[PDB]
Amino acid sequence: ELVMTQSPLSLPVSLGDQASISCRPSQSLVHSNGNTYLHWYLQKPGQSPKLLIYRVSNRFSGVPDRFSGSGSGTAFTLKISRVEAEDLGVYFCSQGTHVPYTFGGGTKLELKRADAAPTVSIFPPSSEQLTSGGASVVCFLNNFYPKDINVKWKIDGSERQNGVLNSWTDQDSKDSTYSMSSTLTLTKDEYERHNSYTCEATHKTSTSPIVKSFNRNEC
Amino acid sequence: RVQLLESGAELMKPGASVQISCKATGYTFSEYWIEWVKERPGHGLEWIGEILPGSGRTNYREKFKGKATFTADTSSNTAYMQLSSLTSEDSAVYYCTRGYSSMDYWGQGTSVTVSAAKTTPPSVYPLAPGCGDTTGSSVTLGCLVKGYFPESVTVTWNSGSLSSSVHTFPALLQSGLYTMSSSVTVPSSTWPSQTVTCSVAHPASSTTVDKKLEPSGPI
Ligand SMILES: C[C@@H](NC(NCC(O)O)Nc1ccc(CN)cc1)c1ccccc1
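The listed protein sequences correspond, in order, to chains L and H. Under PDB author numbering, read the first sequence as residues 1 to 27, 27A to 27E, 28 to 214, first letter to last. Under PDB author numbering, read the second sequence as residues 1 to 52, 52A, 53 to 82, 82A to 82C, 83 to 215, first letter to last.
Hints listed in this document are in silico derivations from the structure and should not be mistaken for laboratory results. Backbone N, C-alpha and C define an ideal beta-carbon position, used for all residues, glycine too. There could be a bad hint or two in this list.
Listed next, with one range per pair, are the computed distances between beta-carbon atoms [stated by the list, open to error]: (1) H:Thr130 <-> L:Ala70: 52 to 58 Å; (2) H:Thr191 <-> L:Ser7: 45 to 51 Å; (3) L:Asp184 <-> H:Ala16: 31 to 37 Å; (4) H:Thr130 <-> L:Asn190: 16 to 22 Å; (5) H:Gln190 <-> L:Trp163: 25 to 31 Å.
Computed footprint of chain H on chain L, listed as stretches where at least three residues anywhere in the stretch have a Cβ under 8 Å from a Cβ of chain H [unchecked claim]: (6) 43-53; (7) 96-105; (8) 108-119; (9) 133-144; (10) 166-175; (11) 206-214.
Which residues of chain L face chain H? A few of them, derived with a C-beta cut under 10 Å, are [to be verified]: (12) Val85; (13) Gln124; (14) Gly129.
Please put together the full structure from these sequences, using the hints given.
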């Protein structure tokens, strides 16, 4: 059905900056009635989406003037002539022309700051936990920027994908930074079969991972 | 003022049916479609369907036919969505929205969590350096707050340590159970010289667990 491709998935801006979000629907959105049901929403964290612009270019009541939309055929743009704090969130285009109504994947409008590398901290399973037959290895990757980060776990130098649960905070209100934990969960027995436990963070600020590591036998 | 008031959070056994309500006030209810939309982390906004109260005209997103049922009572001004055969894939926030040409007003959303689990207080595991390291000038500590149900929990560090040095990692639902963590960073001039404690409130089990952070091994 109607795929709505929004780029970019992430728009860092400084407040006051202009912002442009593209929405490329996979077909024209002109209804038989001649209207074009291309709309734009914002959802802020903790909140429900809200309509911003309906039928390509009309601003829904109460929507700030700095918001305008344009486009036609398969290219539609939301524009925020000057990004203000209140405008931060996930913007979604949407076509209401064809059933089923669809939405773009979202564009997260957030604050741009200087690239920052993660402070990586790795912790072995606690004795409290191991006592119960579980073993969670935790890696905090704190206060980095941009949001994009890739974390690789290695157990004795071989990558481990399974067991890994990653959780990002949302953008820090104070430093515009992101954090994430990555938890590698094993049985005590899996855990106890190996020595070298490595959390590797790949991020923009680095042409090679931040590697954080422990050996079970030194811990 | 157009308001759509949804029913409260649902905790549902797999296989159960839930019926979400949506109370529409501020306008003429049988004049507008009510849309139902699904939002599930990492799945953007997925339309489920619509119903036109009074006329019972519905549209359903294809793969929701057989799963979602919409009903609307023009007398109560309430629309309802039933979802039957609940599985972990249906764990999401559901929205009703007023629809006509866009989805111009949304409900606050209804969160549905599917889970077999009994109310489980979290196991709380300290995350402190060990492994024979020397601390830098700052030390990152944490608590891994594992296997609870339901949401949510509150991690608080020495009561007022969100000074702010704290990262709370949103909880992730994994096999009907939750795990979150929380990091804190303090100068090592302060730790372990002084007491750092994570206090983990799990209201839903009338459970609070304080865990003193101590070196997990030689430092
Ligand atoms: C009035 C509205 N009709 C309608 N359903 C009719 C039906 O399928 O039986 N609902 C509808 C359409 C789009 C949206 C949008 N984002 C919300 C509700 C509509 C009709 C014709 C063109 C465009 C919109």
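Comparing the hints with the structure gives:
Distance hint check for H:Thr130 and L:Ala70: the Cβ-Cβ separation is about 57 Å, which falls inside the suggested range of 52 to 58 Å. At about 50 Å, the CB distance of H:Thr191 to L:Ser7 agrees with the hint of 45 to 51 Å. Evaluation of the 31 to 37 Å hint for L:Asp184 and H:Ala16 yields a pass: the beta carbon distance comes to about 35 Å. The hint said 16 to 22 Å for the Cβ distance between H:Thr130 and L:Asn190, and at roughly 21 Å that hint holds.
For H:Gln190 and L:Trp163, the Cβ-Cβ distance of about 30 Å falls inside the hinted range of 25 to 31 Å, so the restraint holds. For the region 43-53 of chain L, the stated coverage by chain H is satisfied: 6 residues place a CB nearer than 8 Å to a CB of that chain, which reaches the threshold of 3. Coverage of the region 96-105 of chain L by chain H holds [criterion: at least 3 residues with CB-CB distance below 8 Å; count 6]. With 4 residues having a Cβ less than 8 Å from any Cβ of chain H, the region 108-119 of chain L passes the three-residue criterion, so the hint holds.
Under the rule that three or more residues need a Cβ within less than 8 Å of chain H, the assignment of the region 133-144 of chain L holds, with 3 such residues. For a cut-off of 8 Å, the count of residues in the region 166-175 of chain L with a CB near a CB of chain H stands at 3, and the three-residue condition holds. Restraint check on the region 206-214 of chain L versus chain H: 4 residues with Cβ-Cβ distances below 8 Å, three needed, restraint holds. Against a cut-off of 10 Å between C-beta atoms, the interface hint on L:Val85 holds, since the closest Cβ of chain H lies about 8 Å away.
For the restraint placing L:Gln124 at the interface with chain H, the shortest Cβ-Cβ distance is roughly 5 Å, inside the 10 Å limit, so the hint holds. Hint status for L:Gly129 relative to chain H: holds, with the closest Cβ pair at about 8 Å, below 10 Å.
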